[PDB]
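Undergrad: So the chains spell out like this:
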Amino acid sequence: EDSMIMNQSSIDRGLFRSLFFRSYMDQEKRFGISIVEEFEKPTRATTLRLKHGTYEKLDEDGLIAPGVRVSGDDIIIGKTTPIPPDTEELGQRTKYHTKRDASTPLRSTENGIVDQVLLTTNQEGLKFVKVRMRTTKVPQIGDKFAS
Amino acid sequence: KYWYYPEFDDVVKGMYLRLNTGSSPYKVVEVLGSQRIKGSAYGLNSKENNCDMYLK
Amino acid sequence: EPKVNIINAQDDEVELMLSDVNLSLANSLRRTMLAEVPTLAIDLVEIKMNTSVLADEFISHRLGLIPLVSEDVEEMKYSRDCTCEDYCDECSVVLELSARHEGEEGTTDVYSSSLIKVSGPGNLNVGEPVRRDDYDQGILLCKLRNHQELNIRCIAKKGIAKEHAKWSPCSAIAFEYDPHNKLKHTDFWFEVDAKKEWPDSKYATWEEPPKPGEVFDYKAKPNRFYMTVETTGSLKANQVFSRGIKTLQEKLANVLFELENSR
Amino acid sequence: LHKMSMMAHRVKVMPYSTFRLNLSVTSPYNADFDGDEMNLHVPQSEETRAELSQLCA
Amino acid sequence: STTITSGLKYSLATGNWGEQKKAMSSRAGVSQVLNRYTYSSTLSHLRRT
Amino acid sequence: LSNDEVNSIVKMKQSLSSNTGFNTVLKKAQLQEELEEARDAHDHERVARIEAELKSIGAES
Amino acid sequence: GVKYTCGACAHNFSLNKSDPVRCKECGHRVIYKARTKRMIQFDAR
Amino acid sequence: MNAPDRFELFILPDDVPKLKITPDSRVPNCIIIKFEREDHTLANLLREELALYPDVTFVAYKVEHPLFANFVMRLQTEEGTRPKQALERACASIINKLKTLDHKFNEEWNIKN
Amino acid sequence: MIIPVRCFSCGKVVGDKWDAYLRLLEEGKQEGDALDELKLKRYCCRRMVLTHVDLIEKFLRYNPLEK
Amino acid sequence: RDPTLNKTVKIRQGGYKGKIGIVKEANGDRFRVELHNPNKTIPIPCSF
RNA sequence: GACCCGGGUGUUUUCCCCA
Ligand SMILES: [Mg+2]
Ligand SMILES: [Zn+2]
Ligand SMILES: [Zn+2]
Ligand SMILES: [Zn+2]
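Residue numbers (the authors' numbering), protein chains in the order written: chain A, 836 to 982; chain B, 213 to 235, 241 to 273; chain C, 4 to 266; chain D, 451 to 507; chain E, 443 to 491; chain F, 334 to 394; chain G, 28 to 72; chain H, 1 to 113; chain I, 1 to 67; chain J, 748 to 795.
Hint data in this document are derived by calculation from the structure and do not stem from the laboratory.
Each hint can be trusted.
The calculated DMTMM-like cross-link candidates involving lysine to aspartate or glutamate, where the alpha carbons are at most 25 Å apart (straight line), are: (1) J:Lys787 with A:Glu891; (2) I:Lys39 with C:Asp14; (3) J:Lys766 with A:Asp908; (4) C:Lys51 with I:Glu66.
Take these sequences, add in the hints, and give me the full structure.
TA: Structure follows, in structure tokens:
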């Protein structure tokens, strides 16, 4: 019924093995005179409503570095947007939420190695990043082939 | 890293640094100023490190 | 009762004829040589720098496939059976590769001869990548241009071809019996005449063709098997054959011990 | 298209990432293995499990 | 200068061949994202009617 | 550093720049654009100089 | 604090999250991050 | 994603016995043997060795599924012989055959070296 | 992209014969004769060298991203 | 508060000897470590 | 004793997959 049998040893030797790249884009938006988004590693204290993934793979500038293995739901771009502060200045020792998280997580079903990170400026002069992820896909039961 | 700064001219003024006499006993010299010299581009650290700044 | 007769012998391939053995024994020997003789192959790659145009895992896959000399792999232990923390010298061999291109013109080829054995078991002849001669550069691994460098450290472990095809010592085992089809084990497709439409086997001269008036013999069994064992250079042909026999013996002895200890 | 396109099977957990069928049931489903996909629905009650095992099996 | 620039960019970006405020009743799908899965697919896409 | 300071440093290093493949390609492209502009203006005198400059700069390997 | 590489002249430098995104020596607008210093290991399979 | 580890083809878990024997009561003097982490290599060898013994009246094996590394063997001997003794005799006989084969190959290789 | 180390079908090492194959073709030998001279008998091995396309020579023409 | 979470770790015993990973779950006596070599996450005892 | 979280657009359009 249109199936086929493949040699496992040929697969081990590199038959029909391929390479997969996926790129992610993000940029800093401008909402007003002085309301800008920032690429940064958000902290559990100064930001609220963080993603459930892990932020420990981000660098100081909020961007992951190439060569780092990533898994699903990991944060590859760290971005925060400002929020008007609440009355928490009552008795909080500077530990009050002023920013909201807008980070970009890796897709839940995908994982791989960070291949190349690009940082530049858009037409408007704001920061603009692109992250490319690389993985290898080996043939297995269910993959589609054709003559 | 900093020779092309506009303020570097006044920054380097009066500084004391180790100098290769060449004629080698290293000695200290006092910077009386700097003077850009066109056409005297020289390798600073590598081949690509062309520099026109000169230290008097 | 079993007999062996060698036709051609070389360091890399032996062509021999088995006789007075069952077909099952010959096939089990072929399967054991193909996928159950332990060899040594690179199993971990630590990439300290790779600025070449090839992906890191591309080069890792290429490295894993390079055959390494596995003569004394019997003395070596399996990685999972070594009580040492991390890897010691008795369960792993460490090779290191460092390649670089100097100058602003030309292309540098990275060959398997550049793999340098750093550490391994004492006085055991294992780990060195296989070379055809003293002047053979070996397997082409990568190519580099100016300011591209490859600096890696590879660890070789002992395993069998069941786990991954890179540990297989043999390339292809030709296997053949009954060139003249006296046993009628196959029925020959044809258009006009089946005799002149099918090429003769390469061992057809080693057996007398059936007589025109001969009747079918229902009491006969396959008795003589012709098989050629080709190796990748990690093990010699005689070593592959002998170690396949020894592996089969060990498997049967393990079954026997299990039976005797079951009671 | 017809009521034989939904039938209740018994689960067997297996490795790899594809649903596996005995080839005799590929006729009522009008399915072959060139890329087709099929849907699986899990009953969540004793009553529903009994209905599936006694009616749609 | 924004009129022509924005009109051309919008029509080429979205594929709706017309003015932005008349998106309905305009011929859609004129402009498509180039298929770069393989070389033959790109060549086929560039010669499609 | 500011944007203006970066531009000034880049111009200074361009004055110091003896040669760079990317910059040579950019210069050749700019020269070709200037040459087509001169061609469209029917200036037979400028185009000769631009052609000579392009011939001198070119001949890559 | 973190290294960067220019997209045209391949010149290494660093930024302090306040400098304009630009190569210091050729003024290119596109820069790339440098590889991580962590250990990278592959199964060679 | 769901692909099992390759070492599970031959590495035996601690809680899984290598060799489980259960009697088959439908016919007299018959046992069912379940080999774990084995395949046609051992099974066919054992089956074709046992098929030649005059006191073994039924021997067969099957691999239930190619994706699981095990096989099950059915053995059934005459009244005098216990089946497990026949299995042990088969193992020992094949071991002797392999030993003499190795010796003869070594002799021939040394002659033709 | 670059010559495979092992033949896919059987597993013979063909990764060390690319340079020799090109040298033989340079001298005017036919492709079949060149493959025969390298002792590639099985056609499964012959297709590996015969149908290989060398793309790394095109990737290397791009300026390296670091220095 | 599980100080070994999000820390690079190496496996010294079992079927994954000498593989670099990162600890993801640290409930207790059974650590979930993602492997850098393949794309998978495995449980492992703390002693390993 | 310093103690760890829990959230996700919408509307169009296009190009694909299995019948
Ligand atoms: Mg179909
Ligand atoms: Zn050890
Ligand atoms: Zn630059
Ligand atoms: Zn082959």
